[PDB]
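Q: Next come the chains, spelled out residue by residue.
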Amino acid sequence: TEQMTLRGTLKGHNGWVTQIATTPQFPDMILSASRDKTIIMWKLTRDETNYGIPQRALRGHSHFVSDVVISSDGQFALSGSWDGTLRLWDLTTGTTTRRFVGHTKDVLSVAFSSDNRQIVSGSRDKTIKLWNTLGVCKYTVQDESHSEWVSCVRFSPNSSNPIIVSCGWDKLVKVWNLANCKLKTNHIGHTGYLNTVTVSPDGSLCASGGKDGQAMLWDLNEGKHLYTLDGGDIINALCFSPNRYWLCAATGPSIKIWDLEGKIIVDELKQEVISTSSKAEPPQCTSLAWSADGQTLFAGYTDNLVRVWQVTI
Amino acid sequence: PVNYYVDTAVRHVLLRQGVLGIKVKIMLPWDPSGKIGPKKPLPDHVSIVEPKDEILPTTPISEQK
Numbered sequence: 002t003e004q005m006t007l008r009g010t011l012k013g014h015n016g017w018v019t020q021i022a023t024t025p026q027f028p029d030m031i032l033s034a035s036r037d038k039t040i041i042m043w044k045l046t047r048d049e050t051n052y053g054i055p056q057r058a059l060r061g062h063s064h065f066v067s068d069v070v071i072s073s074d075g076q077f078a079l080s081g082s083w084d085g086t087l088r089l090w091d092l093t094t095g096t097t098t099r100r101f102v103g104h105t106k107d108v109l110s111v112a113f114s115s116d117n118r119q120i121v122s123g124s125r126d127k128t129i130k131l132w133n134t135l136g137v138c139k140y141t142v143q144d145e146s147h148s149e150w151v152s153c154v155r156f157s158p159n160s161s162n163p164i165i166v167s168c169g170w171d172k173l174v175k176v177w178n179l180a181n182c183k184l185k186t187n188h189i190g191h192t193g194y195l196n197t198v199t200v201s202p203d204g205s206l207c208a209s210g211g212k213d214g215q216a217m218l219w220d221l222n223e224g225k226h227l228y229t230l231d232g233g234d235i236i237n238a239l240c241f242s243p244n245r246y247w248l249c250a251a252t253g254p255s256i257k258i259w260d261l262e263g264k265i266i267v268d269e270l271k272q273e274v275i276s277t278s279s280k281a282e283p284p285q286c287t288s289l290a291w292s293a294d295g296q297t298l299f300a301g302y303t304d305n306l307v308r309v310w311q312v313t314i
Numbered sequence: 163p164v165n166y167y168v169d170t171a172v173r174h175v176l177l178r179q180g181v182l183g184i185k186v187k188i189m190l191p192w193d194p195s196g197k198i199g200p201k202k203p204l205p206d207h208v209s210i211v212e213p214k215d216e217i218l219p220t221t222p223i224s225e226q227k
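Quick mapping for you: the protein sequence lines, in order, are chains P and Y.
Mapped onto UniProt numbering, the consecutive letters of the first sequence carry residue numbers 2 to 314.
Mapped onto UniProt numbering, the consecutive letters of the second sequence carry residue numbers 163 to 227.
The following block holds chain Y by itself, in its conformation from the complex:
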């Protein structure tokens, strides 16, 4: 996942006493479509769909078209 969730750069700066190093790393948000970040999710992020709108009681009936 490091090959598509993390963005990285390395740079040099020269001051009067010598060179300093800079390193930057950023971790991207998941974006299903929109190109802010990757479309592919993290490998261990399971998500469960919610159950909806059932009726508990029933009685036998028929309905013609």
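In isolation and in its complexed conformation, chain P is listed as follows:
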């Protein structure tokens, strides 16, 4: 079966990498966020000396940047921050065209709609919130929301079932109808708080995880439970492959992949030892992205680096 190998590393940051984002429109570009308050745009290269260079940096947020996402045309990017404000960036000039305001705490995740005509967000303020791209808020979920911090929000990629999924510190996963503005279904099972939720590109399955170290699968349209996978110590991020039936997870200092035909671990990715006089000797992995080609993986870390892996035979 297929096996990963280390390609190279990217060095231009002064705090933990918080997220990475990519598109099929520009395969020599990637974009990433950090606790150093700024978003970096990278020029990738196939040169033997170093795999990429910081090309531009976006500087307008006043605390940490928590989430970042790119428009399907590759012209614009959207981001949230621990300063409680949400911003839309023109990637050609490196300037914000609009600013979104109306949360009263601290913003943990954001997404674009699959048509890119609507925006959604989640926060420590306990409210999910919906926005028009002209910067005006359109609905607020309030009493039916999570009882604790809203950790994540995501859209289904398909057009024929317009719904969103979410996870929170009250250890529930919830599913919501877009046009009707209402809750559809709870899912219950996890013992710890939740860090992440994700959906397969065919629009069929969820995955979710957090402190309990378990990845659990769920149906989007059949409304029911599927099998549980033990990850290890903790789950920081999850993603599906774009062209294989694989789930991938970032788990403490290591990254891991499951082949879902026959439910088996393909490989686990680890770091060369730097001897350290304390517990948690290695730095942890914080975020993942597969390239639009599917053949290469980007991963971010608490040691201010992005590490790149290829597939091999």
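Please keep in mind that the hints were generated in silico from the structure rather than gathered at the bench.
Each residue gets a CB set at the ideal place from its N, CA and C atoms; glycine is no exception.
Cross-link-like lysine to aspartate or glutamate pairs, in silico, DMTMM-like; alpha carbons within 20 Å at most:
#	chain 1	residue 1	chain 2	residue 2
1	P	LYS183	P	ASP144
2	Y	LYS227	P	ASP220
3	P	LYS127	P	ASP144
4	P	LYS271	P	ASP304
5	P	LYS212	P	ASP234
6	P	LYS212	Y	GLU216
7	Y	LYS227	P	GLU145
8	P	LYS127	P	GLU145
9	P	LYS257	P	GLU3
10	P	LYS225	Y	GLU225
11	P	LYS257	P	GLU269
12	P	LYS12	P	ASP304
13	P	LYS106	P	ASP171
14	P	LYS183	Y	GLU225
15	Y	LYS227	P	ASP144
16	P	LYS44	P	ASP29
17	Y	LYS214	P	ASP171
18	P	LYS185	Y	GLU225
19	Y	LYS214	P	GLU149
20	P	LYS212	P	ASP231
21	Y	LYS227	P	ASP171
22	Y	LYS227	P	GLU223
23	P	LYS257	P	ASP234
24	P	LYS257	P	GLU273
25	P	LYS106	P	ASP84
Which chain Y residues face chain P? A few, computed with CB under 10 Å, are given here:
#	residue
26	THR220
27	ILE223
28	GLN226
Dock chain Y against chain P, hints included.
A: This is chain Y only, laid out in the frame that chain P set:
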């Protein structure tokens, strides 16, 4: 905190042998709203909210509206 938790007065009284002094000081109770005392707490009085009503066991289930 002395500027809002302590109430004070000083007075004189004249008796046949001369003047005596009186001084009075009172320390007020904290009153969150009601005007018996100040609404602002003392600077080193931290208080912790109690955890409630959790269930320890779980098993995976789904619940539609």
